[PDB]
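Starting off with a structure, shown below.
All protein chains but one are shown in place.
By letter and in written order, the chains are A, B, C, D, E, F and G; residue numbering begins at 1 in each of them.
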Amino acid sequence: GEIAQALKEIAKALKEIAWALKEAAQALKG
Amino acid sequence: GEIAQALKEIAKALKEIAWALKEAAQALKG
Amino acid sequence: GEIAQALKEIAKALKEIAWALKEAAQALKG
Amino acid sequence: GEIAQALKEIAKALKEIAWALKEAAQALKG
Amino acid sequence: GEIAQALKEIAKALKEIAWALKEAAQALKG
Amino acid sequence: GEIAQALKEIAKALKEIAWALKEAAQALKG
Amino acid sequence: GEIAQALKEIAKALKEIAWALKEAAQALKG
Partner (left out) sequence: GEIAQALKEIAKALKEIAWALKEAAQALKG
């Protein structure tokens, strides 16, 4: 369904936030 | 539908947050 | 509809968070 | 309606988060 | 209604996040 | 009801995020 | 119910974000 589809797109975007934070953590290690 | 499209707009906005955090990560790199 | 309208206002606010984070990233570059 | 009005209150709160992050960005500027 | 009530409690908690970020911004000014 | 109670649990978790950010603000103060 | 169950899992994940931020605050104290 389209509402479940759209909530799965929200989950994917949250995972992109997680990956960006991981990239931030690597920059702080530097 | 209207509600699924609005949820998809929320996902896109979350992706824009991820891109902004990547810009932050890059700024820390130096 | 008013619920879709309100979810689109949530998306707009999330984009304002993204823009604030971009401004933060520019400050870290400094 | 009650639920749309509550979702609009959530959007306003997210905007307050954006303003707070702008204050953070300004504090980093110096 | 109880669902609108609970969404207004979510808005209040988001405002508490905003206030904490403002306190963070003041600490960075220091 | 079950759903309102779960939304209230989400609000409480967001408040715990606010408290953690206050701890971060205090750590920056020195 | 499964939707209330899933919203309680979202609350638990938000508490894990709070705990991670507390760990961050301890690192800034250092």
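Everything below uses one rule, namely that a contact is a pair of C-beta atoms (placed from the backbone, for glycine too) under 8 Å apart; a residue touches a chain by one contact, two chains touch by 3 or more.
Although one chain is not displayed, its contacts with chain A can still be listed: residues 1, 3-4, 7-8, 10-12, 14-15, 17-22, 24-26, 28-29. Interface residues of chain G facing the missing partner chain: 2-3, 5-7, 9-10, 12-14, 16-17, 19-21, 23-24, 26-28, 30.
In this section, only the chains that are shown with their structure count from here on.
Here the spacing of chain C and chain G, counted between their Cα centres, is 22 Å.
Between chain D and chain E, the centres computed from C-alpha atoms are 8 Å apart.
Shown for chain C are the residues in touch with two or more other chains, namely 3, 7, 10, 12, 14, 17, 19-21, 24, 26, 28.
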